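Colleague: Got chain A sorted already, so can you dock chains B, C, D, E, F, G, H and I with the ligands onto it with the hints?
Residue-level listing of the chains:
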Amino acid sequence: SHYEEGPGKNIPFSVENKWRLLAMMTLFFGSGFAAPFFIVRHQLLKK
Amino acid sequence: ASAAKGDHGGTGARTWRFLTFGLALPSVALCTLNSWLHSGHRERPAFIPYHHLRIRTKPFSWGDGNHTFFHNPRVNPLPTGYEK
Amino acid sequence: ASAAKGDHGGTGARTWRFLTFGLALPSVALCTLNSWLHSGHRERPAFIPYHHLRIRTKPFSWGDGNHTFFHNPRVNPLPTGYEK
Amino acid sequence: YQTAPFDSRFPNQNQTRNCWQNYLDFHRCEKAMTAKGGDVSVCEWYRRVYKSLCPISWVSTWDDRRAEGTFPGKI
Amino acid sequence: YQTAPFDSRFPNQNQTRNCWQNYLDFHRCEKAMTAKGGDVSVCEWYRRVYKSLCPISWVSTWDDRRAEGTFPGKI
Amino acid sequence: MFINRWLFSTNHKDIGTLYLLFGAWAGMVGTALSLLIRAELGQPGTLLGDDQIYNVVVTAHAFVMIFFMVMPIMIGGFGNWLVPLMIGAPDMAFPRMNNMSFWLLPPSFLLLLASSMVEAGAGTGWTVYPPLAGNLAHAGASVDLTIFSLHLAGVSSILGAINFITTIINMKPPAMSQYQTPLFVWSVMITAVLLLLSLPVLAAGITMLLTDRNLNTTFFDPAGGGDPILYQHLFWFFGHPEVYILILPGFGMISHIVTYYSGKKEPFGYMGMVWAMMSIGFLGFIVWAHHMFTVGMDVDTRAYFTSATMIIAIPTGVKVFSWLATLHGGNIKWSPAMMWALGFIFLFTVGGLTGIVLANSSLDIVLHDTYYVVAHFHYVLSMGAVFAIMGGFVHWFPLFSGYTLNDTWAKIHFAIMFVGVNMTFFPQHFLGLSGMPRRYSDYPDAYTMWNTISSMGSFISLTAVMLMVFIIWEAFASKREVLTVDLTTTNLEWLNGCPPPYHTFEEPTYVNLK
Amino acid sequence: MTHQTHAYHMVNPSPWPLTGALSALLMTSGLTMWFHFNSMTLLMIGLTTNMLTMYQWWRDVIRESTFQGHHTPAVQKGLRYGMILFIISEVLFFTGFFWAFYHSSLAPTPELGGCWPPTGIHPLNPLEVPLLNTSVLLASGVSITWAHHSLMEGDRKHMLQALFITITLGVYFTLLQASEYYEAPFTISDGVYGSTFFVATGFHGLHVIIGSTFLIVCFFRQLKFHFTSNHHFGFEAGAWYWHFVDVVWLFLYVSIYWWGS
Amino acid sequence: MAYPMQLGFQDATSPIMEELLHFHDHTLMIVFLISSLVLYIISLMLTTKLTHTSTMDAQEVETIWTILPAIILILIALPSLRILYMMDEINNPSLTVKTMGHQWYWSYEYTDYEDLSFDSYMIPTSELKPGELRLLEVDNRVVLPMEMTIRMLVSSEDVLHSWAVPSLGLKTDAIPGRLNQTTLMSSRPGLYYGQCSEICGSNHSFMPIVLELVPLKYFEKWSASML
Amino acid sequence: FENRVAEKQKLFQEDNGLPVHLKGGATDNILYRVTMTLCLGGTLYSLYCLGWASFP
Ligand code: HEA
Ligand code: HEA
Ligand SMILES: [Cu+2]
Ligand SMILES: [Cu+2]
Ligand SMILES: [Cu+2]
Ligand SMILES: [Mg+2]
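Protein chains in written order, with our numbering: chain A, -11 to 35; chain B, 179 to 262; chain C, 179 to 262; chain D, 204 to 278; chain E, 204 to 278; chain F, 1048 to 1561; chain G, 75 to 335; chain H, 741 to 967; chain I, 2 to 57.
Be aware that a few hints might be false.
Below 20 Å or equal to it, Euclidean Cα-Cα: the simulated EDC-like pairs (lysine to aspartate or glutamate) are [said to hold, decoys possible]:
1) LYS239/E to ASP228/D
2) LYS24/I to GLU138/G
3) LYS961/H to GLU867/H
4) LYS234/E to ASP266/E
Ranges between beta-carbon positions, derived for each pair [claimed, not checked]:
5) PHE225/C to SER263/E: 19 to 27 Å
6) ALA1524/F to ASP765/H: 50 to 58 Å
7) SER2/A to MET37/I: 23 to 31 Å
8) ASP1492/F to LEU33/A: 28 to 36 Å
9) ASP266/E to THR1093/F: 39 to 47 Å
For the chain I half of the interface with chain F, some residues (derived, Cβ under 7 Å), not all of them [what the hints assert, rightly or not]:
10) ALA7
11) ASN30
12) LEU51
For the record, the hints were derived by calculation from the structure and aren't laboratory data.
No residue lacks a Cβ here, since even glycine has one placed at the ideal position from N, Cα and C.
Just chain A, with the same shape it has in the complex:
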């Protein structure tokens, strides 16, 4: 198995640059929290 091992390597996202990570976490959790808001908006704009 050419699967790398150890801290920061057993995850599907890069943890090498703390700020790239910051961006990714922000989009990840961010897009998840915003979805309901935009769905309600979408439903409010129909007819």
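Modeller: Relative to the frame of chain A, chains B, C, D, E, F, G, H and I with the ligands by itself:
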């Protein structure tokens, strides 16, 4: 009305002893209580000389030949009517 | 309505092959005949627009949306009445 | 009326219930037309049938049972 | 008559059958007193009860069903 | 490479990580939905609109938190991560099937998201009861999509239930009896059985609902002779076991956390603890009807169900008292996880005590469909199931990642969330005793105070789940690698270091047959 | 380490779970198109990728067991458990439908005529073809057993012969049942009686087809000498599934065809 | 009805509702006992430097904590069940009113003698006269005789609804095709409010119930002027 | 009949560093790509339909 539950894949004596004291016996206790709580003494049923009941085509082989074996006077009337 | 019968204490493949051709298959033949003899073609039932039947709250996803899947016109009327 | 006609709900060799049912039916109807008046209307049909089919002895004993109040059927 | 009284054969929270039974009963009695005359006696009791307990819409639709002959109950 | 590892996996650790990631994200969506709910109820009037757009929101909140956050995290996340490690197995019995379980989830979630977009969504309540859920009062693809989402999520969970039971039973060291496996493993083995027997009945129910609205059947339609109540029986037959399926893995994690931070070798009364969960799991199958007290059932049967429901308090009691007995002579360590464990023990007690009240049909007549029942289940879910998830998450994070969390921050996070949830749900006991119904977008003027306070608490909770995200970021940004772990003699999961290698127990574990 | 010393199977990364998950998406949403925007293209694609997945996923399993020898005793004991458990979830699936049936037939609503079978419904005769279908299924129960016994005794020809007889009886039932559907004087739309009948007997029908393709697969695996007199789980399972199927029919017969009609 | 900043139940207008208040007090007294007991034990456990991390014998104490909860449950169950049957009790009503839930209004039917039936709709907060309750006032109150045993029969003509009136301690779902029964018996005149207690669509929150209880005399004159 | 499981055992046990779902040749590969293609496309098509149905 159940479906089933907690699987414990390996059954030896410890498992059956576990079911005995952890399931079997506790049930006998609950039902015992239940039956001890629902112990409502029904008032002896109204006597009415129905012909399909208190049958007697041959006197019983004991006593006065008119008394059923586990005769309970309180709830079992003779053909004529309740005992006393 | 049976109870059971001829015990043959030792069951191997020969025994199951024996039951297959000596019991299983012969039954399928009898019942086949029976069902081939009782093949009485019932005259299509009288149509009466009962409301609890021929239900239609949403047209079926096929055809004219009013024809059930294995629709047999001879014995299945539309809500309006028999097909033709 | 000639005799009790064929009854679909009693299509077999055993007519015991046929006799039984109509005997009940009649007496049940009778009791009602009584306790209602309704110009004391009367359910003769049932009596014609039950009299035809039920052997005398059954009717008799049932009547007696109804007399002493030991009749097992619900009227 | 005040209102339909308590009925032992219908002792629980669900009265659906109570309404149903009396509606049948009435119409069954009605049909008989008609086809018998018996001085055209009448089974009002059942109608008083069924009218009290059965919501209007049910009675209505049932009557219509009885009209077009699509009423599922046996009268 | 990435594909092979992350999309074509057969590794219990990686699948488990994939779950935690899915659960956390779904947890964001559910939190957003819970905020719109309190946003709407935080001032007398209508913010969004009619009970349709509102109830669409309430419904998605329930489905998301129950099926997409709690279940994936506890069973798929911790289940897959820890079970094999705790019994010394190389992996699970069916590595491939295990992966399908996970991948069935994102699609299932899509169908649910899709349902609230087309038409006017599904404003049926998480119970999706007919006639409201039918093709007349709810025409359109919405409910159908809600149903299909549930089918997949169910297929996913019983496939995994099959995997856990097989693994747990068939893959322990030859000398290890079942009465030698840890409470968490027992906890998921039992939860797995509840899923196997309840989930299919649900699928039978909603499939009948699906045909009723697309194939002209009348299972729940009076017209054809159907019965809307029949759906209630089927749904609730699954519906109750479902909540125990939700708390059991939590019971297990709590047993592990309390014991570890008390410095004890094992939990007090291990066999009593096994007996307790087994009893809980079983009684949980014969009490469904307590959810139908105001439906018109026979007084006698109504009496049976209140009694049957009440005896569940006994075994649950032996567990609460056992965790207390575990803390007894302990050398307590006031770690974040221990804080979550203590909160759970109390809050869960209160919430379950409040459920004994509702167990009474007579009193439930006036308590049913009110906010009292909303309080009951949020206590056992928001400060029961969730507190276990947080305690387990902060406790095992180092094992999963290899990095450590900032304990102080982690403690701040508990403080905030503890205040938030209580302020949110405490008032709701009153609103319910005083008559405020469930599933209302607006209420009579009298209920204004408590609803206001309640909504404010939900904002504090928002603050806490935002901080947590940061807390995870910082942990990964700083990179303090784990060195030493205590009590490993009695905690196998940690023996292979943090994080354990892709392949653990390549060469078995040696266990003597005394 | 490096070389494993446990008797388990570490399966190679497979794309199939992803593929089958995507399949479920396609079939479910595809049904939604068929039901609402009247389209099957999506439903067609889903059914397709689904067969593709099952074929491959099961092809590999065969490869790993028969060709590669990964099915050690420990691995097999686990497969037995899996099957049992699966059959169990199925037993509980059918239980929803018998619940439904009994609920309706034991307490017939007035809109039905306050009776069972509802007025207007002309139930089939249990003594006619239903009786035939019963004897057919039961016979395949004895013949599949004969097959199993020949296999353990290494009797290639006979196992093949019995497996064949078994398979045709399963097909015979399918056809017979198919005709019954077509001649039935009632439909899915005929209230609760039709619902209750067509979905229970229908789901069972689907199961007889699923069980027959399984036995067919077993047939060919045998033609190819895959099974040894001692290791043939693929058959054991096919056999267990097949019995589950007779049993469900026995309850259907007695409950729906006999009692509730 | 409910007033501002209320904590417990609305005041009992009928005897079973009184009976419930007392049962709840009983039940609540116990949840206070247990919930405070647990909290005390917890703080007790966490407040000593003394340790005993070796093995501890279970089972022994395990009986105390299994038999005790068992006794307490009977103490709740008994009262509960009694009230339960007391509700489904053999009473003879002197009136029968029917109510039919509809998508966003209830309709009542007094049909013992004459076919009287009307619709009860919520008064739009816009057309409320000063002093009228925002989401609780209905245009046509259901008038009934105080101090009398009435039999209510709840059903629906569409989706599910639930007819409830807290002050009287009533709540019965309204299931289409079904006639659920309940006994109403106010022991005091007045206006008694309730709301739909079942999710039924867009205006689920806007279909209230208002009972107005006056003496028989006024009841019958109302009934007639109603048709 | 035949009996050549022995040939296939060898073919599949061959240390070519290939995953079982490809260990069998070129067809395995085309089947794989076809399956993968249909799935992804289908998934794309489904997303389009949902975007389309979301609107009035
Ligand atoms: C994980 C979640 C969870 C858990 C564990 C439970 C646990 C319990 N719940 Fe449930 N409940 C919900 C979540 C949960 N519930 C949800 C989601 C709903 C609403 C669904 C809906 O309708 O939308 C609900 C609804 C609900 C109802 C119906 C309300 C209505 O009218 O609509 C009822 C009534 O019986 C009930 C009761 C109980 C009981 C008796 C327990 C018991 O398990 C409690 C056991 C705990 C204790 C008893 C405390 C600890 C023990 C002791 C300290 C021993 C000593 C104590 C005594 C002697 C009392 N719950
Ligand atoms: C898991 C169960 C769950 C949880 C945790 C919650 C949490 C919340 N819910 Fe609840 N809710 C339900 C399930 C849940 N809910 C259900 C079943 C219903 C019934 C629906 C119906 O009536 O049909 C309901 C109904 C419901 C109502 C009633 C609406 C009505 O009937 O009119 C309200 C209103 O206040 C509400 C609010 C909230 C709030 C404020 C939170 C807040 O406490 C949320 C706080 C945020 C969190 C606790 C999530 C943070 C946790 C994570 C994000 C995990 C992170 C991941 C890792 C660490 C890896 N919910
Ligand atoms: Cu429950
Ligand atoms: Cu309503
Ligand atoms: Cu409503
Ligand atoms: Mg309800």
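Colleague: Could you tell me which of the numbered hints above are not met by this structure, giving the numbers in increasing order?
Modeller: 3, 10 and 11
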